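Engineer: The lines below spell out each chain.
There are 2 protein chains.
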Amino acid sequence: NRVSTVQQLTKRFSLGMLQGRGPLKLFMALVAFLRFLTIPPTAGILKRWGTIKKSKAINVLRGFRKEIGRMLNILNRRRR
Amino acid sequence: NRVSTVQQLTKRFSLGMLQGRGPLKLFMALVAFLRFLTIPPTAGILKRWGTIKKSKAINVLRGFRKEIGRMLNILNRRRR
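In the order they appear, the protein sequences are chains B and A.
Take the position in the first sequence, starting the count at 1, then add 20; the result is the number in the deposited numbering.
Take the position in the second sequence, starting the count at 1, then add 20; the result is the number in the deposited numbering.
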């Protein structure tokens, strides 16, 4: 269908993001995962890509960068 | 169970990774996603955390950093 996959974040973001929300990563994290294995952005991913806030998405992607650096702090203390 | 979730990458990494594989992100991407929403690393995630290669995982996490920067190149060209 290339469009019935973004429905999940379309029903979860009913009232929140544009208002404030908290994490707002659930959407980026999901599409990013698929974007890391096959990059199959359904229709909603693109149509919603240019109709959200960006300030929160870009900040979220920035937090993901800090979250990945933290993962290294986890795989860098194994000692052996 | 806190252990029957890593089984998926345990059956997919049967013969590869230590040999060469290709992406080897499927594992980090999955645990990373959960690590971005609730950080529920099952038993395997930890026991396997200190018994893999790290050079490939760290390189994978580095590729994820380049993949996220690319996502911005996508959410920075919307114009409006």
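Hints are computed from structural coordinates only; laboratory data are not their basis.
Treat the hints with care, since some could be wrong.
As the list claims (entries may be wrong) - Facing chain B, a subset of chain A residues (Cβ under 7 Å, in silico):
| hint | residue |
| --- | --- |
| 1 | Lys31 |
| 2 | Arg32 |
| 3 | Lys45 |
| 4 | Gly70 |
| 5 | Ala77 |
| 6 | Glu87 |
| 7 | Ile88 |
| 8 | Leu92 |
| 9 | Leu95 |
| 10 | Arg98 |
Unchecked claim - Cβ pair distances, simulated, as ranges:
| hint | chain 1 | residue 1 | chain 2 | residue 2 | range |
| --- | --- | --- | --- | --- | --- |
| 11 | A | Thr30 | B | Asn79 | 30 to 38 Å |
| 12 | A | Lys67 | B | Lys31 | 18 to 26 Å |
| 13 | A | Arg22 | B | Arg90 | 14 to 22 Å |
| 14 | B | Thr58 | A | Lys31 | 15 to 23 Å |
| 15 | B | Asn79 | A | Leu38 | 35 to 43 Å |
| 16 | A | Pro43 | B | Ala63 | 19 to 27 Å |
| 17 | B | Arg90 | A | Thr30 | 17 to 25 Å |
For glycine and all other residues, C-beta sits at the position ideal for the given N, C-alpha and C.
Engineer: For the pair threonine 30 of chain A and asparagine 79 of chain B, does the Cβ-Cβ distance stay inside 30 to 38 Å?
Structural biologist: holds (35 Å)
Engineer: When you take the CB atoms of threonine 58 of chain B and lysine 31 of chain A, is the distance between them in 15 to 23 Å?
Structural biologist: Because 20 Å falls inside the window, the suggested range holds.
Engineer: Would you settle whether the hint for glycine 70 of chain A is holds or violated, based on the nearest Cβ-Cβ distance to chain B being less than 7 Å?
Structural biologist: holds (4 Å)
Engineer: With 19 to 27 Å as the target window, see if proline 43 of chain A and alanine 63 of chain B comply at their CB atoms.
Structural biologist: holds (26 Å)
Engineer: Would the hint on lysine 31 of chain A be counted as holding, given a Cβ-Cβ threshold of 7 Å to chain B?
Structural biologist: violated (17 Å)
Engineer: Given a hint of 17 to 25 Å, does the C-beta separation of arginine 90 of chain B and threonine 30 of chain A actually sit inside it?
Structural biologist: holds (24 Å)
Engineer: Going by Cβ atoms only, is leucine 95 of chain A closer than 7 Å to chain B?
Structural biologist: holds (6 Å)
Engineer: Note whether the CB distance of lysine 67 of chain A and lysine 31 of chain B lies within 18 to 26 Å or breaks it.
Structural biologist: violated (36 Å)
Engineer: So, as I understand it, the hint says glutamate 87 of chain A touches chain B; can you test that by seeing if any CB pair is closer than 7 Å?
Structural biologist: holds (6 Å)
Engineer: Does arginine 98 of chain A pass the interface hint, meaning its C-beta sits closer than 7 Å to a C-beta of chain B?
Structural biologist: Holds: closest Cβ of chain B sits about 4 Å from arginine 98 of chain A, inside 7 Å.
Engineer: Hold the hint about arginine 32 of chain A up to the distance rule: shortest CB distance to chain B must be less than 7 Å.
Structural biologist: Result: violated, 12 Å to nearest chain B Cβ.
Engineer: Between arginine 22 of chain A and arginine 90 of chain B, is the Cβ distance one that fits in 14 to 22 Å?
Structural biologist: holds (21 Å)
Hints 1, 2 and 12 from the list above are not met by this structure, while the remaining hints are.
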